[PDB]
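Q: The primary structure of each chain is shown beneath.
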Amino acid sequence: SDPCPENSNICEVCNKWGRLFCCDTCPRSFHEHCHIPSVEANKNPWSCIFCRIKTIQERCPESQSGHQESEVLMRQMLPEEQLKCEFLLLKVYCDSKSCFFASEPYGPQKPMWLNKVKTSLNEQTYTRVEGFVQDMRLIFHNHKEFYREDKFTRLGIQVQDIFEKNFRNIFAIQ
Amino acid sequence: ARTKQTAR
Ligand SMILES: [Zn+2]
Ligand SMILES: [Zn+2]
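Sequence lines, in order, name chains A and C. Under the authors' numbering, residues 695 to 800, 808 to 875 are what the first sequence spells out, in order. Residue numbers for the second sequence follow the authors' numbering, so the first one is 1 and each next one is one higher.
Don't read these hints as lab results, they were simulated from the structure. Be a bit skeptical, because a hint or two may be false.
[Stated by the list, open to error] Here are the simulated EDC-like pairs of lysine to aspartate or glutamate, each with C-alpha atoms no more than 16 Å apart in a straight line:
{"no.": "1", "chain 1": "A", "residue 1": "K748", "chain 2": "A", "residue 2": "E780"}
{"no.": "2", "chain 1": "A", "residue 1": "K845", "chain 2": "A", "residue 2": "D862"}
{"no.": "3", "chain 1": "A", "residue 1": "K811", "chain 2": "A", "residue 2": "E774"}
{"no.": "4", "chain 1": "C", "residue 1": "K4", "chain 2": "A", "residue 2": "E726"}
{"no.": "5", "chain 1": "A", "residue 1": "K710", "chain 2": "A", "residue 2": "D789"}
{"no.": "6", "chain 1": "C", "residue 1": "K4", "chain 2": "A", "residue 2": "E700"}
{"no.": "7", "chain 1": "A", "residue 1": "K866", "chain 2": "A", "residue 2": "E798"}
{"no.": "8", "chain 1": "A", "residue 1": "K748", "chain 2": "A", "residue 2": "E765"}
{"no.": "9", "chain 1": "A", "residue 1": "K817", "chain 2": "A", "residue 2": "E846"}
{"no.": "10", "chain 1": "A", "residue 1": "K785", "chain 2": "A", "residue 2": "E734"}
{"no.": "11", "chain 1": "A", "residue 1": "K748", "chain 2": "A", "residue 2": "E726"}
{"no.": "12", "chain 1": "C", "residue 1": "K4", "chain 2": "A", "residue 2": "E734"}
{"no.": "13", "chain 1": "C", "residue 1": "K4", "chain 2": "A", "residue 2": "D696"}
{"no.": "14", "chain 1": "C", "residue 1": "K4", "chain 2": "A", "residue 2": "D789"}
{"no.": "15", "chain 1": "A", "residue 1": "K817", "chain 2": "A", "residue 2": "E798"}
[Stated by the list, open to error] Restraint-style ranges between C-beta atoms, simulated for each label pair:
{"no.": "16", "chain 1": "C", "residue 1": "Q5", "chain 2": "A", "residue 2": "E734", "range": "13 to 21 Å"}
{"no.": "17", "chain 1": "A", "residue 1": "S759", "chain 2": "C", "residue 2": "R8", "range": "46 to 54 Å"}
{"no.": "18", "chain 1": "A", "residue 1": "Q810", "chain 2": "C", "residue 2": "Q5", "range": "41 to 49 Å"}
{"no.": "19", "chain 1": "A", "residue 1": "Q875", "chain 2": "C", "residue 2": "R8", "range": "42 to 50 Å"}
{"no.": "20", "chain 1": "A", "residue 1": "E765", "chain 2": "C", "residue 2": "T3", "range": "18 to 26 Å"}
{"no.": "21", "chain 1": "A", "residue 1": "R769", "chain 2": "C", "residue 2": "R8", "range": "40 to 48 Å"}
{"no.": "22", "chain 1": "C", "residue 1": "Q5", "chain 2": "A", "residue 2": "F853", "range": "28 to 36 Å"}
{"no.": "23", "chain 1": "C", "residue 1": "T3", "chain 2": "A", "residue 2": "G760", "range": "14 to 22 Å"}
C-beta atoms are modelled at their ideal positions from N, C-alpha and C, and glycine is treated no differently.
The following block holds chain C by itself, in its conformation from the complex:
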């Protein structure tokens, strides 16, 4: 599965 790191 593809993944990414996100942030407020």
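Okay, chain A solo, but in the shape it has when bound:
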């Protein structure tokens, strides 16, 4: 039978089936380590990061001018900033092409990958928003060479675009 019939049969992030956790405030479902932060198995009720971002947004409607990028980057990683960074990281994973940047590469003076950023963010290693944003941009900085197969070049271009669009939407940057 379906134990959670009003929640998705498929992970919001990776669009695959399996062992899923089911949000109590929206129909979304997630693998334990696809959600960011990791799902707390014993939290009841549990609201996913989409619902928690929506709550923050509804209680602090944005200004018409928005924010400067440098103002945002200099922010201490207070709980709202941490959550927005987690949601921004998650929106990158939400693209299937993210898997090519998720794992440790097998060149650059500072390799970087999404699972390393996930770990650093979960351990709250970043003390400012800029620490997170800098590591995310390093991933794309490290891939600035034409690939023999153009599709691999276009891949980083598109994931970088996904990051930058979400970064400005989520933090409401000018």
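Got chain A sorted already, so can you dock chain C with the ligands onto it with the hints?
A: Same frame as chain A, but now just chain C with the ligands:
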């Protein structure tokens, strides 16, 4: 958190 097992 509620959970379920799904399958393709
Ligand atoms: Zn998943
Ligand atoms: Zn939800």
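Q: So, for every hint listed, does it hold in this structure?
A: Cross-check of the supplied hints:
1. Under the criterion of a C-alpha separation no larger than 16 Å, the hint pairing A/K748 with A/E780 is consistent with the structure, at around 14 Å.
2. This hinted pair checks out: A/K845 and A/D862 have alpha carbons roughly 14 Å apart, not beyond 16 Å.
3. At roughly 28 Å between alpha-carbon atoms, A/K811 and A/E774 are farther apart than 16 Å, so this suggested pair is violated.
4. In summary, the hint linking C/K4 to A/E726 is supported, as the alpha carbons are separated by about 11 Å, within the 16 Å threshold.
5. At most 16 Å may separate the alpha-carbon atoms for a hinted pair to count; A/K710 and A/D789 meet this at roughly 12 Å.
6. Restraint check for C/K4 and A/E700: satisfied, since their Cα atoms lie roughly 12 Å apart, inside the 16 Å limit.
7. For the suggested pair A/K866 and A/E798, the alpha carbons sit about 24 Å apart, so the restraint of at most 16 Å is broken.
8. Under the criterion of a C-alpha separation no larger than 16 Å, the hint pairing A/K748 with A/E765 is inconsistent with the structure, at around 22 Å.
9. For the hint linking A/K817 to A/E846, the alpha-carbon distance of about 22 Å lies beyond 16 Å, and the restraint is violated.
10. As the CA atoms of A/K785 and A/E734 are separated by approximately 20 Å, the hinted pair breaks the 16 Å bound.
11. Of the pairs offered as hints, the one joining A/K748 and A/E726 is violated, with about 21 Å between alpha carbons and a cut-off of 16 Å exceeded.
12. Of the pairs offered as hints, the one joining C/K4 and A/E734 holds, with about 15 Å between alpha carbons and a cut-off of 16 Å not exceeded.
13. At roughly 8 Å between alpha-carbon atoms, C/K4 and A/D696 fall within 16 Å of each other, so this suggested pair holds.
14. Restraint check for C/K4 and A/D789: the C-alpha separation of about 23 Å exceeds 16 Å, so the hint is violated.
15. The straight-line distance between the Cα atoms of A/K817 and A/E798 is roughly 8 Å, inside the 16 Å bound, and the hint therefore holds.
16. For C/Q5 and A/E734, the hinted distance range of 13 to 21 Å is satisfied, since their beta carbons lie about 19 Å from each other.
17. Against the hinted window of 46 to 54 Å, the Cβ-Cβ separation of A/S759 and C/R8 comes to about 47 Å, which satisfies the hint.
18. Between A/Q810 and C/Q5, the C-beta spacing of about 44 Å keeps the proposed range 41 to 49 Å intact.
19. Taking the beta carbon of each, A/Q875 and C/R8 are about 43 Å apart, inside 42 to 50 Å as hinted.
20. The hint said 18 to 26 Å for the Cβ distance between A/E765 and C/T3, and at roughly 40 Å that hint is violated.
21. A hinted range of 40 to 48 Å holds for the C-beta pair A/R769 and C/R8, which are about 42 Å apart.
22. Range check, C/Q5 to A/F853: Cβ separation about 35 Å, and the 28 to 36 Å hint holds.
23. Evaluation of the 14 to 22 Å hint for C/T3 and A/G760 yields a failure: the beta carbon distance comes to about 39 Å.
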